[PDB]
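J.: Chain residues, written in single-letter form:
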Amino acid sequence: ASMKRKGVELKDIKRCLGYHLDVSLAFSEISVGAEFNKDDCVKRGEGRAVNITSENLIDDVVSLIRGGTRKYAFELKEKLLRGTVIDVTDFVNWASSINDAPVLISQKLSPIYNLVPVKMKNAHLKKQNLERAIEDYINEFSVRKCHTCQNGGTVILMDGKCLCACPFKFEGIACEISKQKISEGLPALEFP
Amino acid sequence: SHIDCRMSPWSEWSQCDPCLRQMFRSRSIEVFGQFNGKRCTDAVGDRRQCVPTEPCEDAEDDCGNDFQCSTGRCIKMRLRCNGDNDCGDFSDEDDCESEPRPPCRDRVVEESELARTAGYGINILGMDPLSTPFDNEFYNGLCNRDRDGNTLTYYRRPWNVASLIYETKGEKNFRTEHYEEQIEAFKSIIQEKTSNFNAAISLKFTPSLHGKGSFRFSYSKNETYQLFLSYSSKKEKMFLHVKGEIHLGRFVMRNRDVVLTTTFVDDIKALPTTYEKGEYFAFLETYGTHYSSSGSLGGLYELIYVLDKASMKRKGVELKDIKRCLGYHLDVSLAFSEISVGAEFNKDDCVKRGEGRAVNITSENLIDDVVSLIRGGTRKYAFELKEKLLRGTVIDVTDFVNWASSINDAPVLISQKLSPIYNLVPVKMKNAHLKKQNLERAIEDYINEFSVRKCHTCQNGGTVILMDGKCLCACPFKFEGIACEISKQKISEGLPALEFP
Ligand SMILES: *[C@@H]1O[C@H](CO)[C@@H](O[C@@H]2O[C@H](CO)[C@@H](O)[C@H](O)[C@H]2NC(C)=O)[C@H](O)[C@H]1NC(C)=O
Ligand SMILES: *[C@@H]1O[C@H](CO)[C@@H](O[C@@H]2O[C@H](CO)[C@@H](O)[C@H](O)[C@H]2NC(C)=O)[C@H](O)[C@H]1NC(C)=O
Ligand SMILES: *[C@@H]1O[C@H](CO)[C@@H](O)[C@H](O)[C@H]1NC(C)=O
Ligand SMILES: *[C@@H]1O[C@H](CO)[C@@H](O)[C@H](O)[C@H]1NC(C)=O
Numbered sequence: 011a012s013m014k015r016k017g018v019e020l021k022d023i024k025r026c027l028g029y030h031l032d033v034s035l036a037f038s039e040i041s042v043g044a045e046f047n048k049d050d051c052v053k054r055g056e057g058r059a060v061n062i063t064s065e066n067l068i069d070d071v072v073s074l075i076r077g078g079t080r081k082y083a084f085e086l087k088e089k090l091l092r093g094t095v096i097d098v099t100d101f102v103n104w105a106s107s108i109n110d111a112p113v114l115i116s117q118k119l120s121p122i123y124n125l126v127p128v129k130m131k132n133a134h135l136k137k138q139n140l141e142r143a144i145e146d147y148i149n150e151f152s153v154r155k156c157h158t159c160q161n162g163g164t165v166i167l168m169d170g171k172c173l174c175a176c177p178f179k180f181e182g183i184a185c186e187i188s189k190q191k192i193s194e195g196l197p198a199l200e201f202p
Numbered sequence: 061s062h063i064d065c066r067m068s069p070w071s072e073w074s075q076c077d078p079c080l081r082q083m084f085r086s087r088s089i090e091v092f093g094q095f096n097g098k099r100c101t102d103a104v105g106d107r108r109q110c111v112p113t114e115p116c117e118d119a120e121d122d123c124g125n126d127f128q129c130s131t132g133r134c135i136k137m138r139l140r141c142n143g144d145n146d147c148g149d150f151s152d153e154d155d156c157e158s159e160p161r162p163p164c165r166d167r168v169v170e171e172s173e174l175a176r177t178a179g180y181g182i183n184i185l186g187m188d189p190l191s192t193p194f195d196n197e198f199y200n201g202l203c204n205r206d207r208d209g210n211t212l213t214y215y216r217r218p219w220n221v222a223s224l225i226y227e228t229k230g231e232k233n234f235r236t237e238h239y240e241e242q243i244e245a246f247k248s249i250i251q252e253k254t255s256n257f258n259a260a261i262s263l264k265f266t267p268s269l270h271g272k273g274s275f276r277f278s279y280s281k282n283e284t285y286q287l288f289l290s291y292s293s294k295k296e297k298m299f300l301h302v303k304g305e306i307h308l309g310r311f312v313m314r315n316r317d318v319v320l321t322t323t324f325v326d327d328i329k330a331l332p333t334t335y336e337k338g339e340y341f342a343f344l345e346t347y348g349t350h351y352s353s354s355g356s357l358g359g360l361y362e363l364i365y366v367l368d369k370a371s372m373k374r375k376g377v378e379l380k381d382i383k384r385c386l387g388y389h390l391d392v393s394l395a396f397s398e399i400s401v402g403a404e405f406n407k408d409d410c411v412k413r414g415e416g417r418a419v420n421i422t423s424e425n426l427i428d429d430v431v432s433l434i435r436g437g438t439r440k441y442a443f444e445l446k447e448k449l450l451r452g453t454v455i456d457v458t459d460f461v462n463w464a465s466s467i468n469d470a471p472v473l474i475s476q477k478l479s480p481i482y483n484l485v486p487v488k489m490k491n492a493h494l495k496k497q498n499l500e501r502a503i504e505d506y507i508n509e510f511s512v513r514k515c516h517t518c519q520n521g522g523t524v525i526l527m528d529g530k531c532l533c534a535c536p537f538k539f540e541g542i543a544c545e546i547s548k549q550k551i552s553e554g555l556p557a558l559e560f561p
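Residue numbers (my numbering), protein chains in the order written: chain A, 11 to 202; chain B, 61 to 561.
Mixed in with the good hints, there may be bad ones.
The calculated label-pair distances, taken between Cβ atoms and stated as ranges, are [stated by the list, open to error]:
1) A/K171 - B/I542: 26 to 36 Å
2) A/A36 - B/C410: 34 to 44 Å
3) A/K16 - B/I542: 38 to 48 Å
4) B/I507 - A/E186: 49 to 59 Å
BS3-like cross-link-like pairs, simulated, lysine-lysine; straight-line CA separation at most 30 Å [stated by the list, open to error]:
5) B/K369 - A/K14
6) A/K53 - B/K369
7) A/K136 - B/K477
8) B/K303 - A/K179
9) A/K24 - B/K294
10) A/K189 - B/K253
11) A/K191 - B/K407
12) A/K48 - B/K329
13) B/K369 - B/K294
14) A/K191 - B/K477
15) B/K281 - A/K179
16) B/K329 - B/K477
Derived contacts from chain A toward chain B, CB cut-off under 10 Å, selection only [as the list claims (entries may be wrong)]:
17) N66
18) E150
19) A198
In case anyone wonders, no lab produced these hints; they're calculated from the structure.
Backbone N, C-alpha and C define an ideal beta-carbon position, used for all residues, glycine too.
Put together the whole structure using the sequences plus the hints.
T.: Set out below in structure tokens:
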């Protein structure tokens with residue numbers, strides 16, 4: 011983001027006045043003269059300039075990886091992040107490493123109370139009891155019951171701490187302070 | 061301010077405990093001291109020997125069920141000579157008349173340096189978690205397989221630990237931003253004035269008689285004024301924070317039906333029941349305030365640094381010039397028949413004025429703050445990552461694998477689910493219930509007794525901390541140190557006075 015604003019003002023005024031008075035009177039042997047001249051000029055000047063530039067930049071990078079042995083996994087991570095040169099053997103090493111140690115990708119889900127063994131002591135009543143328990147668990151505490159953050163900050167819940175992820179252009183906790191304050195300008199005369 | 065510690069409110073002597081043989085002279089903490097004055101770490105509590113007067117008939121029987129151990133615990137159903145280590149190395153295996161029947165035939169390696177030590181006593185007002193307040197080696201019956209992990213190896217899960225996962229979760233974030241501010245102002249003012257005057261009059265008379273006279277007068281004046289003013293200021297700010305964690309494993313301690321260690325059991329057995337805050341405050345610092353219901357082995361690292369820029373420029377120029385001049389001419393000539401009279405008077409006077417003023421003042425301010433931290437793994441591979449991360453700009457591929465292996469060798473807590481201690485006390489004990497509510501009141505009085513809430517507030521919004529009595533306040537970046545009194549930003553001083561010598 012960038013912003014540029016320019017304003018220039020110039021003012022000049024000149025005003026002048028001119029006056030001439032001449033009177034001459036003549037007797038037979040009498041002579042009278044008079045000469046009055048007036049001159050006055052006035053000049054005015056004013057100048058104004060405004061030059062204000064503003065620029066804003068925002069960058070966010072995130073990345074993650076998982077699976078395989080610790081040696082071959084992070085060897086791919088170091089060369090992937092701003093490496094720009096991917097190898098042919100490192101991917102085969104990563105494949106062998108993840109063959110040695112895989113991890114979950116996609117998971118189809120199923121409730122636990124359907125897994126309880128049948129024809130047990132009190133299987134059925136315990137089944138519906140654990141169903142009510144899991145319902146009360148999933149509807150008891152979550153982001154739904156916590157408080158909403160500011161500026162549309164996505165609220166998370168990490169073991170009691172009900173923090174909210176604030177957007178990029180905004181500052182941290184509680185999303186209160188903006189972090190973008192319109193530049194302040196004071197054209198006042200310096201005191202000392 | 062040399063703030064002293066008003067920290068001696070004394071209480072009355074309570075009744076002597078006959079079984080414990082201790083007295084309860086009580087006390088309380090009131091004032092810490094926010095400034096560099098007298099530090100006061102005086103602990104609350106006092107003990108005294110007392111002659112017991114009650115017969116102390118209350119005692120803990122040996123569970124009336126089965127073979128008593130050498131420390132106070134009991135076999136439930138199968139804690140006999142079956143390779144089940146509960147009390148000591150050979151304490152439970154003291155005498156074995158039957159054959160040493162192994163509990164499990166498969167080869168399962170013991171939990172080496174892993175979450176086996178799952179007990180943690182983190183202090184919400186203190187620091188990093190504590191050690192295990194309970195025994196975590198005891199197991200009840202048939203081995204529960206833990207067929208998971210990086211390599212092909214089988215670990216054991218104790219009966220006290222309800223669950224343990226080997227999920228190698230890992231995430232990290234990045235962020236950055238930019239702020240920009242600029243202002244400029246130009247001003248120019250000019251004035252011009254000119255004044256001129258004329259005055260000429262002549263008089264002559266001739267009707268011998270003759271007369272002649274002439275007056276002349278002039279005037280000159282101009283005053284030019286000039287003004288110039290300029291203003292400029294620029295500001296820039298950059299703030300960003302990043303963090304990453306390498307999760308190793310997660311465990312969830314079983315809440316109830318929990319076995320305890322001999323030392324903690326002995327401490328709970330030798331424990332008062334008349335609300336002895338003095339001994340309870342010691343027990344709290346000894347075994348933490350509340351234990352961990354679930355932890356997260358691994359390690360995290362994060363680096364932050366901050367940038368701030370400020371600039372100011374002010375310019376003012378003034379020029380003043382004035383010229384004024386005067387002119388006068390007088391000439392009179394008189395003529396007789398043979399008589400001649402003359403007169404000539406001339407006057408000239410000019411005046412000039414000059415003045416100049418200039419103002420040129422530049423100011424610039426910069427603020428930078430950088431912080432970073434790391435933990436976990438062996439000391440060799442951990443700080444080898446730290447040196448190359450800090451301003452290295454070239455991350456290796458092998459160093460991260462070395463860090464992964466190092467943190468696999470030695471992990472550390474990342475996320476910790478919390479649980480109060482008074483829920484961990486064993487049930488059906490001597491005075492378990494009353495001791496339970498007593499320790500609950502004790503932990504409540506601990507968490508509400510001394511904290512930043514009771515200390516004094518700092519200045520300029522300085523975040524106040526408490527590090528073992530010293531109630532210091534973290535002052536902002538643009539401000540100076542302790543007590544946040546001196547600003548550290550003083551408006552530049554300017555003196556245009558004439559030099560004395
Ligand atoms: C406002 O004034 C600044 C003065 O820095 C202008 O930036 C350029 O500055 C250089 C050197 O100072 C001059 O040689 C250029 O002529 C200036 N550019 C222009 C277009 O005059 C800036 O461009 C001006 N305008 C704004 C909106 O900031
Ligand atoms: C005030 O005066 C200083 C004088 O240093 C100005 O800085 C520049 O200085 C160099 C060498 O001294 C001159 O050649 C430049 O002409 C000066 N700049 C300008 C714009 O005249 C400074 O810029 C002046 N103004 C302020 C606000 O400090
Ligand atoms: C006198 O008159 C002339 C001509 O009008 C003018 O230019 C001048 O300013 C006047 N004043 C003087 C010479 O002081
Ligand atoms: C005003 O007088 C000053 C003094 O020398 C001169 O430099 C300037 O040119 C004069 N201005 C006008 C408009 O006559």
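J.: When the hints from earlier in the document are held up against this structure, which numbers fail?
T.: As far as the earlier hints go, 4, 6, 9, 10, 11, 12, 14, 15 and 18 are violated by this structure, in ascending order.
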